[PDB]
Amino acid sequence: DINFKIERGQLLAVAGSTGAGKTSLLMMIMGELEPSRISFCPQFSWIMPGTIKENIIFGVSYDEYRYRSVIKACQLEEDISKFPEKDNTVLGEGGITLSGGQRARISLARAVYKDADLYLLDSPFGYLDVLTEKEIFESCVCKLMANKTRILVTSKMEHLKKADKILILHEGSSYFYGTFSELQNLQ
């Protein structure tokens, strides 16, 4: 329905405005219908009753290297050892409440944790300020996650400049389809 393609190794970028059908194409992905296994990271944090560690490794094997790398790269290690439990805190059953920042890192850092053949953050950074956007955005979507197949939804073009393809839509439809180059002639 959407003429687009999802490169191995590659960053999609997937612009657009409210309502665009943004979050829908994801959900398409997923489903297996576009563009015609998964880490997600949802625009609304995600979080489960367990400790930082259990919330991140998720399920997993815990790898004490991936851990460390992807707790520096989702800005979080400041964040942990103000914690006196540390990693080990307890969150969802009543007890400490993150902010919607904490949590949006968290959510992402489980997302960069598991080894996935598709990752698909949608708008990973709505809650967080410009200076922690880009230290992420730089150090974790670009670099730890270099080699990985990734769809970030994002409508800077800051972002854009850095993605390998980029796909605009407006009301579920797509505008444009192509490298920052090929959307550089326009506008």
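Throughout, rigid core stands for the largest set of C-alpha atoms superposing within 1.5 Å between the two forms. Positions refer to the first chain, counted from 1. What changes on going to the form deposited in another entry:
Once the cores line up, the CA of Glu93 ends up 2 angstroms or more apart between the two forms. With the core held fixed, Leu144 shows a CA shift below 2 Å between the two forms. For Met28, the Cα coordinates differ by 2 angstroms or more between the two forms after the core has been superposed.
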The other form holds:
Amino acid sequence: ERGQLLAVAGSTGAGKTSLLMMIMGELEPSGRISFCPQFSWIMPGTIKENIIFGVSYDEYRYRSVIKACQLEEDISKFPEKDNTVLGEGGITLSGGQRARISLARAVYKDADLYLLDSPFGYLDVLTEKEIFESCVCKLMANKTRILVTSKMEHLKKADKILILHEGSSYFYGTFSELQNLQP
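Switch from the form deposited in one PDB entry to the form deposited in another entry and give that structure.
Just the single chain follows, nothing else.
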């Protein structure tokens, strides 16, 4: 299962009662875990810090994460670039840009397991298609990824898929193995 993408569909909860929030909840403080929430946040400071804070700096990893998360064009436009200060005292970002800063912060952290709880929810069909493909598919291709989704296109591209029911019931397999089940 190491280095694979598990797409979780079905009854996976919503908001602060999502299945992943619970789990991460029950785990509240044995390998490293990087969690990406459904709702994006920033803390006052630079764009760079909002992505790399707390993790050791790698020039190659930082720049690749920005490229894959579609932040290269956004950042370039700002006069200060990635040294642009965020918040009430600085620049105010759009939901889409902040969603991308949130994903980059999770993707940049070196961890043994990545738990992405619907991080494309507030992104457009075009932005999501590109980020899913260049970030979770290509960039994170050698990482153990657990992506909560609800998009049939994300189940088609995952190594293994998991469909949850409200009850104890569930399907664990591939998208093709699911298609052959009661076609």
